[PDB]
Amino acid sequence: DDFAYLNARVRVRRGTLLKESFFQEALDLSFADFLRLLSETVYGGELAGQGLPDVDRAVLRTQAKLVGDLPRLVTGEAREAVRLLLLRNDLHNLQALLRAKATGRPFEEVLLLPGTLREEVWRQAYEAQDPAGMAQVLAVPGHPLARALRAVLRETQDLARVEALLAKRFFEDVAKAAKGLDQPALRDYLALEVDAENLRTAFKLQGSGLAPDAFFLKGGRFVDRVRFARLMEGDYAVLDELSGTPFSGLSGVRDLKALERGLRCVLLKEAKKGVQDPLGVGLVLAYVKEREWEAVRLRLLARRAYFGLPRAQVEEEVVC
Amino acid sequence: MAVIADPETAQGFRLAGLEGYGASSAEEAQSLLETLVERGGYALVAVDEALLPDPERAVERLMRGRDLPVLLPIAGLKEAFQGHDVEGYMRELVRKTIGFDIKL
Amino acid sequence: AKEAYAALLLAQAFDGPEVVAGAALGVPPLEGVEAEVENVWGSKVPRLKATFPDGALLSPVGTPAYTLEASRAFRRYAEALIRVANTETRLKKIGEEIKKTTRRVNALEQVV
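Protein chains in written order, with the deposited numbering: chain M, 3 to 322; chain H, 1 to 104; chain G, 57 to 168.
These are computed hints drawn from the structure, not numbers from a lab. All C-beta atoms, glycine included, are put in the ideal place defined by N, C-alpha and C. A portion of the hints provided could be inaccurate.
Using 35 Å as the maximum straight-line C-alpha spacing, the simulated DSBU-like pairs for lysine-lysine come out as follows [to be verified]: (1) 58/G to 206/M; (2) 155/G to 96/H; (3) 275/M to 21/M; (4) 170/M to 220/M; (5) 148/G to 103/H; (6) 21/M to 78/H; (7) 206/M to 181/M; (8) 67/M to 259/M; (9) 105/G to 103/H; (10) 105/G to 78/H; (11) 259/M to 78/H; (12) 96/H to 156/G; (13) 100/G to 96/H; (14) 156/G to 78/H; (15) 155/G to 103/H; (16) 96/H to 58/G; (17) 156/G to 100/G; (18) 291/M to 78/H; (19) 96/H to 149/G; (20) 58/G to 21/M; (21) 291/M to 58/G; (22) 78/H to 67/M.
Away from chain H, derived, C-beta distances all over 10 Å, residues of chain G [to be verified]: (23) 92; (24) 95; (25) 115; (26) 117; (27) 156; (28) 160; (29) 161; (30) 163; (31) 168.
The whole structure should be built from the sequences, with the hints applied where relevant.
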């Protein structure tokens, strides 16, 4: 409920982070200097030993400590709003549970990263022959993913087309919940993320010749179904048509890596504008995205010092 | 179609959709190669160059005939930064293969 | 190889190791590589080519933005690998047959 009580600790956590100068100092290290620099960091609070696996577990534990408490310390509408921030790992674990139910792998087969609720829900949903019963066991009161599973649950039991339609319906329910709250900036950031995700999945499935109406979702503002069809067709003119929108630098590019890096930079610039809302929750989402980019850069420096990767190969990552 | 540099690269091979492994020692790699020749991954194996250059001891161990599991040296993810030996590697290929040493 | 290595570096550094674990283990092992026969100068070796089915579009809205790119990089990687394997076995057959013909010429000359 209170978007200031958690925001005080959010500003305290925004004061306590590693700067980009720490990453520029990590641009020339051999995982020992990088391990000492990360040992001084907050991941040094979770840095058990050495190696890329210990550093990755430390970064994951630091992220679960920083953002897992954001699911706590709140109740009600702002709790549902913060629940509609970290929907990536929870939907990944739900899709992994659906793939395990439709594949036949064991319950210990999934590695089961930190989602949004307790892992006992996923443990009980391992032994779940009923997918509607599995969604009801996974039904939290503010979890819209269980609502999307119940909505798409009257199509089949466990299908991959059902999984793709449920992912599209989950994005649609996230957009409906973002429209259904008193936060236009978070709704705008979610709509920009949904439009960039539609452009990303369309450019990834470009040239497939499939039904774009089966692929394009509803809720986008910078692009329409005609713009999505012109982008899915072999033409970067629609990508050149994105003028004035947040895809400013995205012009005349047909690649996936550079386009995804530019989309990540545009989303980071959009979340960087979240400092204007002090009494809302956009500072919390900005800190979450900044910690995500910082931990991704730390894992990138760890892998670069592991395999001896070039700084010129990682120079396209230091801008964000 | 086993490929053995790391299990970390091998789960990338699973991300390609083929079976792979990682051992980080010689006899362990030859033993898993041995059960892979015993029950097939359709008999086409590459092993890391810093792990085993020539695993053909496993060929003469189990399956001397038909040369069906083809064994390949391969450049590891921590080694593909340098472009391993290519021209001197062909020098030692000629030295191994025809007896003579050439320059060409 | 360098292309697929950089693709995996980006797709597990900018992303989750748990999600590349789930993305790998959701995909089946995809058996199906097969072989045909070369008979030349009597000598016979089997050369192989792979099927590599792309039909496993497991929820084809791929939940990371990178593992389709890296996965096709590793598919091209394996194509190049089976190419190098066939080149290898052809060159080994030629080498051992030159060894046979050299000891045959030397033996036939110096003995009979």
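We went through each hint and held it up to the structure:
1. 58/G to 206/M: holds (22 Å)
2. 155/G to 96/H: holds (11 Å)
3. 275/M to 21/M: holds (18 Å)
4. 170/M to 220/M: holds (9 Å)
5. 148/G to 103/H: holds (20 Å)
6. 21/M to 78/H: holds (29 Å)
7. 206/M to 181/M: Holds, at roughly 28 Å.
8. 67/M to 259/M: Between residue 67/M and residue 259/M the Cα gap is close to 30 Å, so the pair holds against 35 Å.
9. 105/G to 103/H: The hint holds at about 33 Å.
10. 105/G to 78/H: holds (28 Å)
11. 259/M to 78/H: holds (23 Å)
12. 96/H to 156/G: holds (15 Å)
13. 100/G to 96/H: Since the Cα atoms of residue 100/G and residue 96/H sit roughly 22 Å apart, the hinted pair holds (cutoff 35 Å).
14. 156/G to 78/H: violated (39 Å)
15. 155/G to 103/H: holds (20 Å)
16. 96/H to 58/G: With a Cα-Cα distance of about 28 Å, the restraint between residue 96/H and residue 58/G holds, given a limit of 35 Å.
17. 156/G to 100/G: With a Cα-Cα distance of about 15 Å, the restraint between residue 156/G and residue 100/G holds, given a limit of 35 Å.
18. 291/M to 78/H: Holds, because 31 Å separates the two Cα atoms, which is no more than 35 Å.
19. 96/H to 149/G: OK: residue 96/H and residue 149/G at ~13 Å, within 35 Å.
20. 58/G to 21/M: holds (31 Å)
21. 291/M to 58/G: Holds, at about 30 Å.
22. 78/H to 67/M: holds (32 Å)
23. 92: holds (13 Å)
24. 95: holds (14 Å)
25. 115: Per Cβ check, residue 115/G is outside 10 Å of chain H; nearest 15 Å; holds.
26. 117: Per Cβ check, residue 117/G is outside 10 Å of chain H; nearest 17 Å; holds.
27. 156: holds (12 Å)
28. 160: The assertion about residue 160/G holds, with a minimum of 15 Å to chain H.
29. 161: Answer for residue 161/G: holds, closest chain H Cβ roughly 13 Å.
30. 163: holds (16 Å)
31. 168: holds (23 Å)
The structure fails to meet hint 14 from the earlier list, while all remaining hints are met.
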